[PDB]
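First comes one chain, alone, set out as C-alpha cells in the form deposited in one PDB entry.
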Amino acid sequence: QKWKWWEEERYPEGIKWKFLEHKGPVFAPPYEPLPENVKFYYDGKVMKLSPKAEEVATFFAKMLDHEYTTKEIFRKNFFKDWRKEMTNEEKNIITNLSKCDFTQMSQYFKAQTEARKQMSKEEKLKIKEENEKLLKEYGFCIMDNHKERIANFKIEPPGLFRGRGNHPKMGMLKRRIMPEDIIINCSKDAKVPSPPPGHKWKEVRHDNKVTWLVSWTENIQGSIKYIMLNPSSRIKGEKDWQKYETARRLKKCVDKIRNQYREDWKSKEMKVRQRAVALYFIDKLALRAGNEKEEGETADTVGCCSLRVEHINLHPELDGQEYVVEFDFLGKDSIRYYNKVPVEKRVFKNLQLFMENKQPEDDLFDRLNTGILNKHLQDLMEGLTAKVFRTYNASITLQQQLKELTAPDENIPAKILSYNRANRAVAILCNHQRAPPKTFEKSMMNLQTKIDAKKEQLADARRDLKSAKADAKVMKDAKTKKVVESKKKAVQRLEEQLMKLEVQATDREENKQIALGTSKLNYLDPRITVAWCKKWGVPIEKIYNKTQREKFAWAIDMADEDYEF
C-alpha cells in the first residue's frame, strides 16, 4: 500500500479509533491423543489416561529434558494442577507424581520432532502453504480506513508455566483458552466476528478508547492478556514516536532537574531526600523504577523504588575509588545487577541515613514508591515518568557515541562495528545481559580459523607481489610495470576482506554477554539511527532487518541526515 500515517493529523487524546473489524482470534490446535503403543506407566503397571489428564501428562513429558522438572515448587504445583484435571478412578490410583513413568511419552516426542526435520518438499511445503491461508484471513484487521497487521493472533496453547527466575507458580497448568474467556472489541458498525460453532464469546464490546482487539484473563497470575496490532501499525507507532519525542523533551531540561535533585539531597524533610536519591540512580545508572508486587505471586525481584536494604551495600574506599556503593540484586526477568558505583559525597552520606537502624528485609526507601516519584516527575516536566530516564539515557548515549566512534575514513563494515560498539554501550548501561549460547561458543574458533586462513591467502598475495617488484627492476615495460598494479590491487581486494572478517570477530566477542536486542527495538530513537545511515551512506538494511524496518518505517522516511535527538 505505502501508508504514511505520520503525516496525518493526530487523534484527539484518549479516543483511539472510529472503526475496527477483525475475523477474531485463532485458537490453539485441539489436543491429539497418544497412539496405543505409547503407553503410560504408574507404579510400573500399564495405565491409560482420560484425554483431560493425558494432555496434562504430555506437557510434563515434553519438559523432562530440563533440570527444572525436579524442583519442589515445580513438582508441587504441577501435580496439584494435574489431580484437578483427573477423573475419579485416576484421583484414586495416582497418589504422588514421583511414581508415574513419562519416559515412554517423552521418547515418542523426541522422535516426532526428529522425524519432522526429515519430511521432504512433498509434505513440508504443504504446511507452509496452509499457514499462509491463515496469516491472511486472521492476521490483518481493518482499523479506520486501513488494513493493518495483527501481532500474534494465535492464542497461547495450554502448557505449564515456568516463567523467569524463581517463580512461585512454576509448574501450574495454563488452562486452554475457550471462546467463553474471550472478550472481542470492535466497532458498532463492524461485522462482529463469528465464534467457533457451539460457543459464545465472553463479551462483544465496543470500547473505542482502547487499542486491543481481543482480551482474556489468563490464570497463572490473573493478569489480562491481549491481541494487539503489529508494531508497524499507526496505533503502535504514533505511540512509540510520542515516547521518543517525550524522551527528547526531557533533554531540554535534564540539566535543570539534575540541578534540583543535586540540591534536594539536603532538604529539611527526609521523604524528599529519598525521592531525590532514587532519581539519581534512575538517571546515572538507568534503573527501572521498581513497582512493588504481591509476595508469593511473583519471582522476588526489585527495581529502584523497591530496593530492599539487603540489596545495597556500602564501602567508603575500595579498589582506589572514593565513596562507593556495592550494588547487588535481581532486577527485571531475574537478571542480576552487580555494580561497584562511585557517587557524590552527599549521596553516600544520604544512603547511610536511609539504612540506619533497619532490618535487612526492609525497604531502603521508606515512604517512597513509584507513585510518589512519578507524581514529582510529572510536576517537573509535562508528561514525564521514570522509564523516560532509561529511554533518554539510552538514546542520547547512542547518538553521542556514534559521533565519538564513526570515523569518515573507515569502510562500510567498520562503521557497522563502530555502531554495534555504540549499541553495546547502551546495553551495558541498561543492564541488557545475555548468557553466551549453550556450548555454541566454540564457533569463535570456527570463525577465527577462517581468519587464520584468509591471512594465508593474503600472505601469499604479498609474497606474489614481492616477486613482481624484483621483475619490475630488471625489465621495465608495458607488460611488467602494469602487472604489479594488478597484484597490489589483489593485495587490496584481500585486505578489505580480511578486515571485514576480523571486524566481525571482535563484534562477536565484545558482544558475548550483552544483548543488543531490547535496546534496538525498545530503547533508542530510530531516527538517531536513520540520520547516521543517511549521513555515512551505510544502506539502512545493514542495520535494521525487515520487521525492524517495518516498525521503524516512520523514521526511515522522515529523518534527514542532520537529525539530532
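Superpose the two forms; the largest set of C-alphas matching within 1.5 Å is the rigid core. Numbering follows the first chain given and starts at 1. What changes on going to the form deposited in another entry:
When the two forms are overlaid on the rigid core, CA displacement between these two forms of 2 Å or more is confined, within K349, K225, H206, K489, to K489. Fitting the two forms on the rigid core leaves the C-alpha of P360 displaced by under 2 angstroms between these two forms.
When two forms of a protein are overlaid on their rigid core, residues whose CA moves 2 Å or more are considered shifted, and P157 is not one of them between these two forms.
Once the rigid core is overlaid between these two forms, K438 counts among the residues whose Cα shifts by 2 Å or more.
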Contents of the next structure:
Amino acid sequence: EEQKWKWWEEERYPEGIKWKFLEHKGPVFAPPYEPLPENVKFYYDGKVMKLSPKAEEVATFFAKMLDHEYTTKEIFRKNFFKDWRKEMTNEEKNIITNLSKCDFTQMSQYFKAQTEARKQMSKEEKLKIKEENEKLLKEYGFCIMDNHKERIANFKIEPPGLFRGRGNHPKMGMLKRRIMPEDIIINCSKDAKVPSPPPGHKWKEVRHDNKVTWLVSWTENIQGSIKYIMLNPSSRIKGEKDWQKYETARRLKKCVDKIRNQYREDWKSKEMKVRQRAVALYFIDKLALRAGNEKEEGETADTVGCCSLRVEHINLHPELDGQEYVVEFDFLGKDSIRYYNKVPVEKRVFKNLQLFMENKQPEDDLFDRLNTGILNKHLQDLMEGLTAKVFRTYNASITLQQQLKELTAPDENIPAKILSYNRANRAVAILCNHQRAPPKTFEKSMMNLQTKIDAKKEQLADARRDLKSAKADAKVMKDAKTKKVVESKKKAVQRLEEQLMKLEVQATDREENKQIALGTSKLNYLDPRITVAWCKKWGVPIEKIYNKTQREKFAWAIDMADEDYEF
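Requested next: the structure of the form deposited in another entry (the form deposited in one PDB entry having been shown above).
Since only the chain itself is given, any partners or molecules it might have are not part of what comes next.
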C-alpha cells in the first residue's frame, strides 16, 4: 500500500543521537568458491598441476584480469605474487618460484566460455535467477530505523578479488581477501532482534551505538580502513545530512563577500603563513579545488589537492595567452584525474607564488606552513560549520542558479529547455573537473543518430508540400468549402515541427557531453531545490530531468520550496 513518509516535517534529534531503534537481517556474504572442473588445466613450466582451493581461487582472479594492461606492470606482478604465495601450501611454494613460468592461457578461456553460456540462458532459467535476487532484496535489503522501513545501499559484501584502484597505485595486485562473519561488527538497538549469523559462524561483536549511522562494519586488509553498510540516499539519516549540506552552503552566500574582501587584504599581511592560507583559499574559491589532505607515501597513488600542491605542479608565466600573470596548473587530483588549467590571477597572487616557490626543490610543498587543519580552523572562526568542501558546493549551486536564468529562453518548448538545463549542468562539470561519458561507442552511434533525423526531415518537407498544395487549391475551388483541408494540414506541420526540434536538440545535447560527466555534480554538488524551482516555474515535468532513484533521493526538494525559491 502506497504511503510516502515526509521526514522533513518531523523534528530533528538533539546533538549526537542518530536513532533510537534499529533492526536488520545482517549482511549478505558472497557465494562460496566453486572449484574449477577437470578439463580446465593450469600449467607451470609446461608441466601440468592442480592447485589447492585457496590458491586456485587467487589464480582465477589473475586469469580473469589477463586481457588488461596492468597485469604486465612490475608492481602489480610483485604484489600479486606475494599474496599468491601466502595462500599456497608448502608443496606449491616450493615448486612455484615465479609468476612467469605460470600458464593461465586455459583458465582465461574457460571464464570467457562461461560468459557466453551465461548470457545465452533459457527464459525459465533466467526468470528463476531474477526471482532469487528479488527475494534477497526483500529480506536483506531493507531495515527498520525509528518506526519506519528504509532501504539499504550495499547489503552484500564485496567478493574477494585483486586490488586495482585508480592510477599508479603502489598496492595494485594485492588480494582483497574474503570477509568472514568473524570480521563483521553488527550495530543495532538493545530491544531489537539481533541478526542470526550464517551457520557455523559468529559475529566479531554486537554493539548498540546510537551515535552512529552504520548497520554493519568491518576492516579491509588493503588500506586498513573501516568499511560500512549504511542506508540508501532515500532515507532520513542520509537525506537530513544532505539538506544540512546545502543549508550551510546558503549561509555562505550571505558571508561570501565579507570572506572575499578579508582574504584579498590578507595577501598584503606581515606573516608568510597568513599569505599562503589566503592564496590557498583563493584557489579553493576561484578554481573549486579540493582541500588537499596529507596522505602517507606508498599507501596510495601520488595525487594532490590544494594544500598538498608542490613546486612542480605550478609553472608561472608573466606573459602567455595574450593575458598577463598566468599560473599554469598541471597535476593529478582525486581518482587520479589530470587537472590542467592556464588561469590569470591578480597582481598580488602571482608575486606571492614566486615567494612560495623560492629556493625550493621541485618535490617540496608549495604551501609549507599550511595543511588542511590550519585552513579549516581558520574558516570555522569566520563562520560556523564552514569547511573548504563548502566552497565547492556553493560555487556549484550559485553557478547552476545564475546559468539557469541566463540560458533559459521563455518562448521555447519543453525539450529545448532540457537542452538549456544540460548547458547549465555542463558549466558545473567545467569547474569541478568531472569528465568522460563513453567516448568509444560514441563515434558510430552518433553518426547513426544523424541518419534518423534526416529520415524525419523528409516527412516535414512532404507536409510543407501538402500545405502548399492546399493553399493553391483554396483559390481555384473556393474557400469555406474545401478550406478545412488547409486547417488540418497546418496542424500536421506543427506536430512535425516540434518533433524535429526534439531530435535535433537531443543531438546537440549528446555531442556536447563528450568529455563531460553530469553525474557526480547532479547528485552531490547541486541543490535539488534550485532544479525543482526551475521545473515548477517553466512547467517542465520533474521526470524529464530526475529519474526514479533521483526523485526518490530528492523527495525533500520536490515537496519543499516552490517556484519562488532563490538559493
